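*Asks:* Residues per chain are reported as follows:
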Amino acid sequence: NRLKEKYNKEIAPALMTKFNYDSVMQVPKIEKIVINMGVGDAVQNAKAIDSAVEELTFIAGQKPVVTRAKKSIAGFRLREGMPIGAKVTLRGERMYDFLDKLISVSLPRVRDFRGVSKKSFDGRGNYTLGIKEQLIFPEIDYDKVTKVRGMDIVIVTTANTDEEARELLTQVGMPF
Amino acid sequence: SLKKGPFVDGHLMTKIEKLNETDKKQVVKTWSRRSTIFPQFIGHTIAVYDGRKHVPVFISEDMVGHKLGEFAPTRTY
Amino acid sequence: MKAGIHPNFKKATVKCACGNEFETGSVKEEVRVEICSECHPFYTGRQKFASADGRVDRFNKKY
Amino acid sequence: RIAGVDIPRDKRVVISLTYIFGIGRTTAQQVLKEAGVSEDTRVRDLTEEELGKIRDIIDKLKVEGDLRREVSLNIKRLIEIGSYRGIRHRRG
RNA sequence: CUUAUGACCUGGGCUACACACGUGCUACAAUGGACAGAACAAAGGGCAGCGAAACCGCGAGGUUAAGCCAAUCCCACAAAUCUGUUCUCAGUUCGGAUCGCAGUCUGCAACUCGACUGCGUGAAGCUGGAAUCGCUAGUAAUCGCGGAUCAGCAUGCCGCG
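Residue numbers (the deposited numbering), protein chains in the order written: chain F, 2 to 177; chain s, 4 to 80; chain 6, 1 to 63; chain m, 3 to 94.
Just so you know, the hints here were simulated from the structure itself, not pulled from any lab data.
Just so it is clear, CB atoms sit at the ideal spot from N, CA and C, and this is done for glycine as well.
A portion of the hints provided could be inaccurate.
To be verified - Restraint ranges, calculated between C-beta atoms of paired labels, are given here:
id	chain 1	residue 1	chain 2	residue 2	range
1	F	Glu164	6	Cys18	29 to 37 Å
2	F	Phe177	6	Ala17	24 to 32 Å
3	F	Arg115	6	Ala17	16 to 24 Å
4	m	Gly26	s	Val58	36 to 44 Å
5	m	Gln32	F	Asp163	43 to 51 Å
6	F	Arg115	6	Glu23	25 to 33 Å
7	s	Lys6	F	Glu164	56 to 64 Å
8	s	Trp34	F	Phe177	22 to 30 Å
9	F	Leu130	6	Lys61	40 to 48 Å
10	6	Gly54	s	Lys32	35 to 43 Å
11	s	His14	m	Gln32	15 to 23 Å
12	s	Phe61	m	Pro10	50 to 58 Å
To be verified - Some chain m residues judged to face chain s by a derived CB distance under 7 Å, without partners named:
id	residue
13	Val7
14	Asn76
15	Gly84
16	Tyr86
17	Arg87
18	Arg90
All chains, please: the whole structure from these sequences, using the hints.
*Replies:* As structure tokens, this is what we get:
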């Protein structure tokens with residue numbers, strides 16, 4: 002645990018009293034966290050698809066999916082059905098553990114981390130990133146690390162407005 | 004100059020003192036590109052003779068660490 | 001959770017050089033770290049070193 | 003790592019520390035003298051005591067994290083203030 | 001030509017480069033790189049000049065100042081080299097150019113405009129096309145030393161070992 006109790010006992014009641022909601026479960030909740038890899042560099046390195054798949058299994062036990070091109074493109078030398086990037090959906094204790102690991106190690110481990118992007122709120126109430134380093138936190142085995150491209154992370158919340166999502170993230174510990 | 008003190012022309016320093024004793028005013032023309040910029044130069048839109056014309060330049064705070072020639076180019080292209 | 005397709009999740013005690021201990025379900029049984037959240041200066045509020053060196057220039061008119 | 007950047011494991015500490023920007027020959031040797039490691043040791047073969055010693059020494063001293071920003075600030079200042087020197091900088 | 005093709009002064013240019021080519025210096029490394037110890041020099045200069053020694057500073061150098069109009073004293077403890085420690089075949093503990101900062105010599109002032117020192121990095125570059133250059137003995141190659149021009153400026157010049 003270490004996050005579920007903290008949330009239920011500090012974020013939900015405080016945020017509910019702050020926003021004057023008419024019900025208990027009207028408080029916005031973090032539904033899921035989706036991690037994507039984006040790469041079609043697989044065109045020039047067929048084995049690159051294997052990369053970030055063995056790394057994602059260590060980042061989170063949930064094995065990623067080998068997403069395939071939904072449309073072909075000549076500018077990128079693409080054909081429909083070819084593998085491009087990877088997808089992972091964390092729902093349950095997995096997303097809580099991922100948030101804990103992130104907040105505790107990844108952000109403080111970055112060398113020049115100061116005032117993370119405030120922009121990358123969706124308008125809608127979601128929050129979106131593309132980590133550019135592939136070795137952000139310890140489970141990536143610096144020694145075994147050969148390529149340096151990091152991960153897309155997409156935080157999804159039931160927030161109806163960006164303001165309440167910002168408040169929820171700040172109270173959770175997002176160092177804006 | 005390392006410990007002998009900063010560098011400035013006597014006539015230019017006297018002009019700047021006369022102009023600052025009451026209030027900063029019209030450009031202070033001078034041919035002394037050698038002079039180093041001091042905090043007193045702040046606010047005074049000094050002019051530098053680049054060889055054929057005077058270029059008025061507004062000396063801000065951060066200009067103290069440079070010379071007028073650094074703001075008065077000479078070569079043309 | 002599929003059978004065998006995922007590695008075994010294990011509760012580990014994330015350690016820090018400053019002594020802070022954090023617990024998270026991780027593949028590794030233990031995780032040694034050097035800079036935790038509180039160890040990183042940004043989480044320490046106004047860091048002393050940064051707040052002290054962040055002053056603007058004064059033209060170095062000391063001499 | 004000590005300064006957030008990995009260092010060669012099969013090299014002496016003296017030169018392993020030089021791979022950190024801002025920490026060159028003299029700085030690395032001074033840090034090693036302050037730590038009392040004799041300057042002839044492998045970095046892959048060390049203990050928590052002398053590791054944390056160098057860690058705190060670096061945290062107290064300047065680091066690439068600060069130098070990268072200070073140099074950029076100075077460059078942008080000398081470029082914005084005019085500074086034919088800065089003009090040459092912008093010209094490359 | 002001449003109240004200007006002459007003369008005075010501030011500043012600039014003589015030092016700009018998408019360029020090409022002569023001459024020279026430095027590099028691409030294991031006959032090597034860095035650190036500890038040790039020896040030998042030959043010629044030339046010194047009066048607003050040369051400046052022992054001491055102190056300060058990693059440093060370039062600064063302060064007090066002996067001595068010398070010189071076979072006296074100084075410039076001025078030559079380096080290559082040798083005996084050790086250490087690294088290991090890599091764009092590297094190679095090279096230090098370009099580079100940011102902080103300083104030193106001088107001079108009213110090194111900003112267009114010197115050199116040198118420390119800090120942190122470090123590329124071009126891993127031997128280089130036709131073709132071409134010098135060298136028959138203390139020659140080739142190569143390591144240092146001193147003077148001219150000089151307030152302060154040499155990879156060039158003159159010579160020496």
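*Asks:* If a hint holds in the structure, say so; if it doesn't, say that too.
*Replies:* Hint check:
{"no.": "1", "hint": "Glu164 (chain F) x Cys18 (chain 6): 29 to 37 Å", "in the structure": "holds (35 Å)"}
{"no.": "2", "hint": "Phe177 (chain F) x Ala17 (chain 6): 24 to 32 Å", "in the structure": "holds (26 Å)"}
{"no.": "3", "hint": "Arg115 (chain F) x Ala17 (chain 6): 16 to 24 Å", "in the structure": "holds (21 Å)"}
{"no.": "4", "hint": "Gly26 (chain m) x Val58 (chain s): 36 to 44 Å", "in the structure": "holds (41 Å)"}
{"no.": "5", "hint": "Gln32 (chain m) x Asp163 (chain F): 43 to 51 Å", "in the structure": "holds (50 Å)"}
{"no.": "6", "hint": "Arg115 (chain F) x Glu23 (chain 6): 25 to 33 Å", "in the structure": "holds (27 Å)"}
{"no.": "7", "hint": "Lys6 (chain s) x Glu164 (chain F): 56 to 64 Å", "in the structure": "holds (59 Å)"}
{"no.": "8", "hint": "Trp34 (chain s) x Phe177 (chain F): 22 to 30 Å", "in the structure": "violated (54 Å)"}
{"no.": "9", "hint": "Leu130 (chain F) x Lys61 (chain 6): 40 to 48 Å", "in the structure": "holds (45 Å)"}
{"no.": "10", "hint": "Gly54 (chain 6) x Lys32 (chain s): 35 to 43 Å", "in the structure": "holds (39 Å)"}
{"no.": "11", "hint": "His14 (chain s) x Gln32 (chain m): 15 to 23 Å", "in the structure": "violated (49 Å)"}
{"no.": "12", "hint": "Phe61 (chain s) x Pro10 (chain m): 50 to 58 Å", "in the structure": "holds (51 Å)"}
{"no.": "13", "hint": "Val7", "in the structure": "violated (32 Å)"}
{"no.": "14", "hint": "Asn76", "in the structure": "violated (10 Å)"}
{"no.": "15", "hint": "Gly84", "in the structure": "holds (5 Å)"}
{"no.": "16", "hint": "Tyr86", "in the structure": "holds (4 Å)"}
{"no.": "17", "hint": "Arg87", "in the structure": "holds (6 Å)"}
{"no.": "18", "hint": "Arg90", "in the structure": "violated (10 Å)"}
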